[PDB]
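Only one chain is included here, represented as structure tokens and corresponding to the form solved without the partner chain.
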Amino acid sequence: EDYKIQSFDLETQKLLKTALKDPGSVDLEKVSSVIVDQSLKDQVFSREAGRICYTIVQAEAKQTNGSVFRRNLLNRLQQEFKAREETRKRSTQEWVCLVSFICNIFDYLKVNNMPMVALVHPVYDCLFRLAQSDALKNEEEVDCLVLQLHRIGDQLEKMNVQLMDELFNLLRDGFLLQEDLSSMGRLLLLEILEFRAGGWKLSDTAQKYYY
């Protein structure tokens, strides 16, 4: 149904819709390229691109037994991931979009509900970046971080619990020690600390307190 592609050109939406049903009829390298381009420019699409990406990947595998789209999508994703520090320096918004996109691809591009190990290190590297002092000092980055933890924290922890323990240690540190967090940042961090402590869920009383 809803692939959340409202932010694109009418013409580009037409291309994406065509890719969905008949990937053999489109240039899948180009399709991957327009998807990753827009994922950096639109908050909603950065958080929802996985829906259309999974559907094209499945369609291509069923049609031609091919993974041209996936390979091109993940190559481009790796290119953007590698340039994440310069992207963060250029634009906090493009950087938080990139993180949401990588994490959304992790969640949707599955073999069963087996995630792709190739995405584990990209996801963790981004979350660890967000958990540094000089990122927690930015409320936009904290919002991004906790969105990913709500979305895929439980799955990620399974993929590597020690990394998750180390990540949450940074979160306690930032929460405990670092003075220059906004009220909204401090609140987001406390909620996610309670969220993991409760087994990646929101108790009724915490729901009422925060929301």
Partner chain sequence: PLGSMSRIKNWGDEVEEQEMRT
Given for the second form:
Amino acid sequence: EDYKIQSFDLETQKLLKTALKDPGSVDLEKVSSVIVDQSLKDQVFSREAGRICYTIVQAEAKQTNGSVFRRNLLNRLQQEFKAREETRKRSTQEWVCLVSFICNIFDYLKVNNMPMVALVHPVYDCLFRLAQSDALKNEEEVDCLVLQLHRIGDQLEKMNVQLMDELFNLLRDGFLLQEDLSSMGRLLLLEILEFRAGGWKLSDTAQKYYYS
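Would you generate the structure of this protein in the form solved in complex with the partner chain, following the form solved without the partner chain above?
Only one chain is given; partner chains and other molecules are left out.
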């Protein structure tokens, strides 16, 4: 019901609501474009845009059996994904938005009730970037990293265990060895180590220790 589009221009709200009911009536290319655009600019939308993207994807399959919108969306994302490093340089905020959005898409947009394998390596590419020592020193990126691991970390591991394992080695490494990792960064990494080791769930006692 709530797709979280309040950040949008009033005209565009109408465009998006229209696409949900009658995809065929709107420019799905311009619709995917305004969604990716906004997703890189607003944090709440970046973590929630998957809902509306899924609704539209389903609406088009129902109405015309087409997957044009899915296709414009994936290809526009792939382009932002290819330019991830440049975007990170320009704005850490935009970059964490990109990662949150890609990962939200991986969570929401399925393909015959299965995850898109097209996004498995690109998500790991993103999380491995966050696990680097130049990224870990920024609580903003660590926050981003553990958000994705909380939300889709489990699904990701099923697709590829080898990558998850090597990723978490970087997390232990940063944890023990890095010195400009902050207190918050340390609390965030330690919680996620416990979180995975417990089978991607938060224990009652951990809940008490880490969170208000």
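Residue numbers count along the first chain shown, from 1. Here, rigid core means the biggest group of C-alpha atoms that superpose within 1.5 Å across both forms. Residues that one form lacks are left out of the comparison.
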| item | value |
| --- | --- |
| Angstrom displacement of the CA atom of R90 between these two forms, core fixed | 0.1 |
| Distance the CA of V111 travels between these two forms [rigid core superposed, Å] | 2.1 |
| Core-superposed comparison between these two forms, runs of at least 3 residues with CA shifts of 2 Å or more | 111-113 |
